[PDB]
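Here's a solo chain for you in structure tokens, the form deposited in one PDB entry.
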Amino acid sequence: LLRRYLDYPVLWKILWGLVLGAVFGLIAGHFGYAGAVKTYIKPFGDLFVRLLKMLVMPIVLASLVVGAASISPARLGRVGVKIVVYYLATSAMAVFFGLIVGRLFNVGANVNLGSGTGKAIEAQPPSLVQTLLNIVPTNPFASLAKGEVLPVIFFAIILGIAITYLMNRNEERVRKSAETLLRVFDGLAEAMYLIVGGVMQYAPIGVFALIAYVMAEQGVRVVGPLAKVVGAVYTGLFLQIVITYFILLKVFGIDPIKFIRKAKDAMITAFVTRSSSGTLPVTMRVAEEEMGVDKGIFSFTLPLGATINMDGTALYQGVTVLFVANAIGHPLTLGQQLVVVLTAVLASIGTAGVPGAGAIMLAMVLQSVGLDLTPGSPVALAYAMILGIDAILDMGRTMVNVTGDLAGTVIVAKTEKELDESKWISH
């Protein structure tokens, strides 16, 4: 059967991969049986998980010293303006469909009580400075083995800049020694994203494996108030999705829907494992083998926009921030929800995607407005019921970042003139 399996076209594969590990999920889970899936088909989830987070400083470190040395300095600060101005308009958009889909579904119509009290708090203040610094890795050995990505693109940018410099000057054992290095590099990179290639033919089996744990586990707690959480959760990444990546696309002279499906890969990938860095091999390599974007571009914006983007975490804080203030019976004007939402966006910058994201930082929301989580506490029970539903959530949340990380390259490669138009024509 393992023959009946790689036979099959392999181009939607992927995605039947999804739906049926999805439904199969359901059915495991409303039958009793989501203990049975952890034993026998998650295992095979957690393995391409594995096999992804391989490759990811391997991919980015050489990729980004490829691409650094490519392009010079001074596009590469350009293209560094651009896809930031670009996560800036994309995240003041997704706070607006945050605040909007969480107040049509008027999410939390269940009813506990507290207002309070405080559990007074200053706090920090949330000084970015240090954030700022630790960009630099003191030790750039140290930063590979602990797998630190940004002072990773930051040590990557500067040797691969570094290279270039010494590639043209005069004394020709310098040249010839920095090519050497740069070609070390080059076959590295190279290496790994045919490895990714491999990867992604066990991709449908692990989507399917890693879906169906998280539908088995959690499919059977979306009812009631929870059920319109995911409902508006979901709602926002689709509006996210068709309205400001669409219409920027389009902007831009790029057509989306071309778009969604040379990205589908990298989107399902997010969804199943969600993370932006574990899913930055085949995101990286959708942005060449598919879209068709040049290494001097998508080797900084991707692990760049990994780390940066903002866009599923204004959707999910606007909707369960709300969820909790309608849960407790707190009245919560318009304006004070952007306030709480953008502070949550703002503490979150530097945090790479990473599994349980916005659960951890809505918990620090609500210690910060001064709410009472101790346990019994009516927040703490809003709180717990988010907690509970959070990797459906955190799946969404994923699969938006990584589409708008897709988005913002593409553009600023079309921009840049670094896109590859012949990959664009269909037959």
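Numbering follows the first chain given and starts at 1. C-alpha atoms forming the largest set that superposes within 1.5 Å between two forms make up the rigid core. What changes on going to the form deposited in another entry:
- Core-based superposition between these two forms shows that, of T180, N106, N139, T117, only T117 has its Cα displaced by 2 Å or more.
- Relative to the superposed rigid core, the position of the CA of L11 differs between these two forms by 2 Å or more.
- With the core held fixed between these two forms, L419 has its Cα displaced by at least 2 Å.
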Contents of the next structure:
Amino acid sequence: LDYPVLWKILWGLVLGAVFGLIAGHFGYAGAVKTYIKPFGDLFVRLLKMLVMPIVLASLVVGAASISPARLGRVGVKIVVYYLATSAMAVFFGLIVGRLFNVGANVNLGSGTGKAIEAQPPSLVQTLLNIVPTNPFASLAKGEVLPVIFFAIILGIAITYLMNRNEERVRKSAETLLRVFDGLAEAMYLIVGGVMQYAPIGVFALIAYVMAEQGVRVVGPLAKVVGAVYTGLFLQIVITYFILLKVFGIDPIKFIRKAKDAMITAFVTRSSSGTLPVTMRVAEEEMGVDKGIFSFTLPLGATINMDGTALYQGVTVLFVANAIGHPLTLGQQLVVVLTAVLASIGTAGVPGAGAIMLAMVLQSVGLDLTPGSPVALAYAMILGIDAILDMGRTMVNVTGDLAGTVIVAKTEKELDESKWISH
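The form deposited in one PDB entry done, now the form deposited in another entry:
Partners and other molecules have been left off, which leaves just the chain.
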């Protein structure tokens, strides 16, 4: 029968979260899961549908445009960008976590230090596994990063065929490129259609996440949730804003534009499954060239270490203090750095944080055996994980946009007409 407002996706967030909270406090969280949540599963399923086609096609079309040496430059830039913001996330994660003093109370356990054969991640085979041995297979499996490799090789090769002298060579290559282009275009059209549904699906998703885990943010857990979020906020408001401003980009204009991707990132808790919304934003909103965002955006849905360095800095310090194990500021740095290195090869998927935490705890030598104190801390964190996941993913997508727009500004943004107010 409706609805007129176009500021709705943000309305659906707030109304949903408030509805979720109330439904949960009154014991009705069970009912949300049944009647409301599946609408958000639909929202989520549809976005999932577009991720392989949009990413594959947009990057064939984008590496075919621009050029391989310029493409190379955009890599070094988006990577230098991610080290910079990663150090800030690490630093803020340590600071924000100490301030709230998250290990408030109360149980005792048995200390340890780095133990059980102390190996950092393999990370050779992680690299060799970028090059897909069957492009068709990597498309059928969800694998983003090999598709990125094959899409870039296909694109660069396509362009080389179009400067070849023979006419058959040039007309065939172009028909091919034309097909990816038409495909990419259809995809972007569709996500716009999906986004018409988005505020209902955004509503259903925090309604559930709030009714389930919203009731749990009481007590000593409030402080970790409280800490992880002032940490996000600091990362955005200081390191992203200051970074945008230094490159001559208005920080407030950016957020009004990034908003759809941010809210979607948040509720969806998947970088890879927000990629369709993010990319359309990079194009229809930020005015970024496909030759840029088709590479940097899906690459950063994997490589961005910001939200893990944030999350990991807080929860390691929470476990450390609940179980009584003294952790100096330095050893926390070396732990978070290990988790961050260890996270790089894997893309953003919901649940990733608790999973990664379990790994750093084990490896550092703690016993995660049942009823143990340290198994009890992890289990507390694990119970607010969706709440934390939402902010982990959202801080990542935001910075994913923020670096895409900076690197773009550095060659062909170029479209400044996209930002003028009237």
